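Single chain ahead, written as structure tokens, the form deposited without this ligand.
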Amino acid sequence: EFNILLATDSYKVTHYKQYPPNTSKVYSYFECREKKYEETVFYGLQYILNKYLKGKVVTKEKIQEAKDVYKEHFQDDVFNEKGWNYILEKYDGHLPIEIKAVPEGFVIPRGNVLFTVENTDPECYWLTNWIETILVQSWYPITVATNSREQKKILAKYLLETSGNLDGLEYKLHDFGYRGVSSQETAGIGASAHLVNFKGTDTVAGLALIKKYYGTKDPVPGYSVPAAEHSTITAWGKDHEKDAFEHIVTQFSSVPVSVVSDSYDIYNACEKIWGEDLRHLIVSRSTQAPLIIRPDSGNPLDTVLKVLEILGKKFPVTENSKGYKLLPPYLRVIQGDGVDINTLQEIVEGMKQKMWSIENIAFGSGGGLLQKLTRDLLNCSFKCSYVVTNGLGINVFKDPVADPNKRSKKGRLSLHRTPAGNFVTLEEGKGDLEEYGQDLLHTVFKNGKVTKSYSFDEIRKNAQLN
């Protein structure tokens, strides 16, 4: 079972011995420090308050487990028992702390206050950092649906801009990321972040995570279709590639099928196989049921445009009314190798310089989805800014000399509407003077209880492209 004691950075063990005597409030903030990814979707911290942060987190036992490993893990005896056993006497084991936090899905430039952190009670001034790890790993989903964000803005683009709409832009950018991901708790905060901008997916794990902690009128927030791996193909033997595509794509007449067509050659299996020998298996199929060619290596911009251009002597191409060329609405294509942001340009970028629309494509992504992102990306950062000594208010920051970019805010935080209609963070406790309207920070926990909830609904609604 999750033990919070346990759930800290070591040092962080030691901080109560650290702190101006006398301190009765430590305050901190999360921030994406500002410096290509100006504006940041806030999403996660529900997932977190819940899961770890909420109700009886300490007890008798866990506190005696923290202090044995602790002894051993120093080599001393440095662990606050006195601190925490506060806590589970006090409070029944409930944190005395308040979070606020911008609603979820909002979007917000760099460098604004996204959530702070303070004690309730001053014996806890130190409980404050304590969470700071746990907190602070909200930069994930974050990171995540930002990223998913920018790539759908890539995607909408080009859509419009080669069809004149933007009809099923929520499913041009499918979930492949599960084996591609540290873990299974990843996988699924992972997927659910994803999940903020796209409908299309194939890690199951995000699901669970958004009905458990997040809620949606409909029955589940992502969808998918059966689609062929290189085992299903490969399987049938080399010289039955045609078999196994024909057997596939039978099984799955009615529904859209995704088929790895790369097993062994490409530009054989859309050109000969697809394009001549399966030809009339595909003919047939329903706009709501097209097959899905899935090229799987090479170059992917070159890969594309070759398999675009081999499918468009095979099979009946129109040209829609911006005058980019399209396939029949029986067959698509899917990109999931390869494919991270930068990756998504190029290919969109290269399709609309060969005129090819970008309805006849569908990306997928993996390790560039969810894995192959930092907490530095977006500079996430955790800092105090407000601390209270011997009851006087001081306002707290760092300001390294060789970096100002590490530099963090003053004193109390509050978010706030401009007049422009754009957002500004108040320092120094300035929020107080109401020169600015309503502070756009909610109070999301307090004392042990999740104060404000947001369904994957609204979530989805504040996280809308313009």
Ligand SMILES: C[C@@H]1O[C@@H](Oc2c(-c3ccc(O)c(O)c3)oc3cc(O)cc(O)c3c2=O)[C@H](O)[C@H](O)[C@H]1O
Given for the second form:
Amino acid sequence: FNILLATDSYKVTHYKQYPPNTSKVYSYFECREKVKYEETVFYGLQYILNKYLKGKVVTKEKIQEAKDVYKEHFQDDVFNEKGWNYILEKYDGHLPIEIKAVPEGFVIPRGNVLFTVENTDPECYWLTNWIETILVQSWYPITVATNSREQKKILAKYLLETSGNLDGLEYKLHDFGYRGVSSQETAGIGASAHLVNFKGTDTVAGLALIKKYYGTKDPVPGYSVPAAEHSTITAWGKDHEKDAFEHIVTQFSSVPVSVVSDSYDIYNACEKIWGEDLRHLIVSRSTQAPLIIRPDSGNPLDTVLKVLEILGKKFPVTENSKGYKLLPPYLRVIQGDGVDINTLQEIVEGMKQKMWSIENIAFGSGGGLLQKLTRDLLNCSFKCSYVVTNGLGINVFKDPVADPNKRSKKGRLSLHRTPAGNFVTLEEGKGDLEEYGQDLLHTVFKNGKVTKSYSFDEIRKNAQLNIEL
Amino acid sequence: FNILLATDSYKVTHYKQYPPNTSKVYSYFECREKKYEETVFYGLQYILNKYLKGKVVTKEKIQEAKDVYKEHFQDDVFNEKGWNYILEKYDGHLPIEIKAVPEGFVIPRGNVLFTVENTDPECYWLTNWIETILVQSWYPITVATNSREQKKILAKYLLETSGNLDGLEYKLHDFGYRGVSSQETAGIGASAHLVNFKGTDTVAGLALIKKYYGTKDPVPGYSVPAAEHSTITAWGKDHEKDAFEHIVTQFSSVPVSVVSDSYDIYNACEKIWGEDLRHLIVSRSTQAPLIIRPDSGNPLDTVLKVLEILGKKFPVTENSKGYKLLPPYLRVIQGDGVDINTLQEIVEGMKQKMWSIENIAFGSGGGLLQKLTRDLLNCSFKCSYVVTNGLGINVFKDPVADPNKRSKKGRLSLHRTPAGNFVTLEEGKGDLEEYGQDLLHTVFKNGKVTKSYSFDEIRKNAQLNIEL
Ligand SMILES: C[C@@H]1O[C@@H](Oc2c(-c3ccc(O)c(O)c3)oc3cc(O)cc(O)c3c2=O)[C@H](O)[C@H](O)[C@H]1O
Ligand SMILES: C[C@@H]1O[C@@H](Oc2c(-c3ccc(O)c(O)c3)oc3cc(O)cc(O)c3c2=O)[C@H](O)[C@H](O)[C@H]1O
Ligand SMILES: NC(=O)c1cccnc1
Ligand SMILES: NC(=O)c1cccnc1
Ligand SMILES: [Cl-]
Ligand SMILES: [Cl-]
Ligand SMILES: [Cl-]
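Starting from the form deposited without this ligand above, please write out the structure of the form solved in complex with this ligand.
What follows is the entire complex, opening with the chain shown before.
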């Protein structure tokens, strides 16, 4: 990786565009005020700081490589070779930048400063926004973690209402998204952000990222169980679906096992194969090793409701203390097709209306969890708010006439608690007046070193739901 | 990177689930039919080289996978024996054969694009182990296809309003680096866009193409100097004119894009560019025009109003098709809110107001590289053929509630039809040789990349019919 080649092309030309004699550029990131997504989980900056920003990130070879690429890319010499060589020669290639940030896992309302960036050497005024592109990619772990947490809120509300408790909540939304993201790197980042809120994942890449960059007291941060796919059912031949089911549940007789049941006819599979032909292999299973029946096609709500009605007529159903129907403990359902935050809500509400406890179901979500998200969902944005030119600090901002939502904050910023205990971002250096106590941002990066860090266990604690607290 | 840790967790358990006595699992990838009628096949070569080729198994990688899965499953289910077999027998090279349509080929939906099978009977479980990594080809396929569909829209409008396609390759600029989910995604996605266009600010695409594909030219994509809000607003609100003047003077002999909406896009166009600094604009060369960049408001309404303002402050001509044309030193780039749908809305609105598409280019970020999912083209990998007890059987899924999810049966091959279209033959019927040559070629076999394509070849294959 070369940091010189890790920015938007136009930023190569920006050192020539700032006012002459500018010694400081100070910028900030927020999730701009616009499912409402009123609060965001701050997560993922520590990965970027360690993987890409810390240590000796400039070398002679990297400067020469960037110079050669940009000469052809712009068909002109605009690259700031002198400016990058200064960092190499004066700081042994360590970035003279200070980043302050809210602690990871913190849950912060929209429209608040989450981190700030400024140069610590006047010669490197151009460096602050060079690294905008790499830092703004924190939108992705923030957005995955936030959207996953919002689904946890829905699941908690309906589990509490239909069961009286939150038992099993952290296994109710399983990450199926490894194949449906855009790269291996994205898979690890996104899976780790989901694991802020839940413990079930099939996206193995998230485990090593957490281990390397954050850390947990437990050996791994996420868990899985054996499960079938269409290839392991259909390979037996259509007339032998029962044989596949029997082989798989017998191979995994002592752990939970998920069996995709829709290869040919989900309803026949539930009613006749699981329901009658193999029922004796299901009712014998342990409470710690249930069969998890997995539909994977059709209208998600309609299919879940019909699967439950079928199973409730073939297996003993109880009524829990809240009055909701409950399958026996050796039998559960996972809906892992078509699940995003909207369809999740529709399914749990439809189950509730039909008197089925949320204890009976879990969800797998792939593209909806890790890929169908954009930087626009939370309006993640990085902007310059303060500069020093000719020794004079200036509060700077953008205020487009057509769009008030794009207006940006002015001056030096700080994050505080209000008297009622909420968050406020103070502008124009007003945090210095100390009317709102101390700034909640902490220096996390300075002059090539990570200066403050969070374990994954601390991040999880910070991101807990109120209903959990 | 450890390929043992690069699969969906459940696939760790599948070796125990296939029918006993199974010696072959054969699987295929298609962009299922459900408008995106045709897809650009692009990106597999990156995956083959970065992740699949060579010695990908070691004793350390097996032990690390064994340790992780013991904790991840709270059980010992990992196939250590099967992975050690590959290590000891093949020096850690994967006994897999992959056949694929040439990269850059434009193929209608519902056709086989690549197949995967094991070459050693002991490794029947390996074909679908690597499904997860191979299915991520959905992303470069989808970026390249969606970018090409935008090129079709641009080409149709440019041709209608101008009579030619001059400049088409620079009409959709990649602004997506900050709006994708990772550095790796940025390079992959930017490279897929460059199949169709030459303008990019997502620098990461250049090194990927150089390392994995190659071009005869030094670089596959190009940029020009451009401002951002920080370089305008840093001058102070009262000094926007000073920022504009400084920037166009610093870049007086190359094209320069200047974001103009920091405070009031319409004031900037009419009064700053159109009056105060007009003398610095009309003196510019055709080779180095000023590109005015709005970045907020309704994308169509803003473009039309910007053009109306500029048309009243600068000399406008009428081209031979009857459409209005700004002077050659002045152009506009709309780089906010652009996806395939709004691009179409903008060029159609311009046409209705008699403005040539020569006047405009588009920047797209999230719309171009992030707002896409595997479901857009229904990219899917399924087993279609197995050999069990020495007999081949045709395998498929056919869910009752969704006919669109039905998969193909048996050994597959891709052919040209007599009318020049494409057909996927199932059940090994390609062996009857009624349809000429199979278009799938072996690209990977037993840890080696057998066939490779340059980026120049891929671009040629992905050309539009109108260009042809
Ligand atoms: C059968 C369930 O398995 C485990 O939870 C998971 C579920 C699950 C399923 C249905 C439910 O109603 C539910 O409450 C949970 O499903 C999984 C599926 C996978 O592919 C992988 C997993 O790890 C779980 C996974 O860990 C937990 O052991 C849960 O206690 C048990 O009820
Ligand atoms: C000023 C234009 O530059 C080049 O195209 C680009 C454009 C562009 C703009 C407006 C138009 O109406 C248009 O036809 C093109 O914009 C760019 C913007 C960037 O940030 C970077 C670029 O490389 C181009 C970029 O390369 C083309 O060579 C075009 O001939 C010329 O008119
Ligand atoms: N474990 C599963 O059922 C699963 C995992 C990943 C993708 N699809 C299904
Ligand atoms: N060159 C540009 O105007 C640009 C690049 C990347 C993101 N936004 C704007
Ligand atoms: Cl599956
Ligand atoms: Cl080894
Ligand atoms: Cl910008």
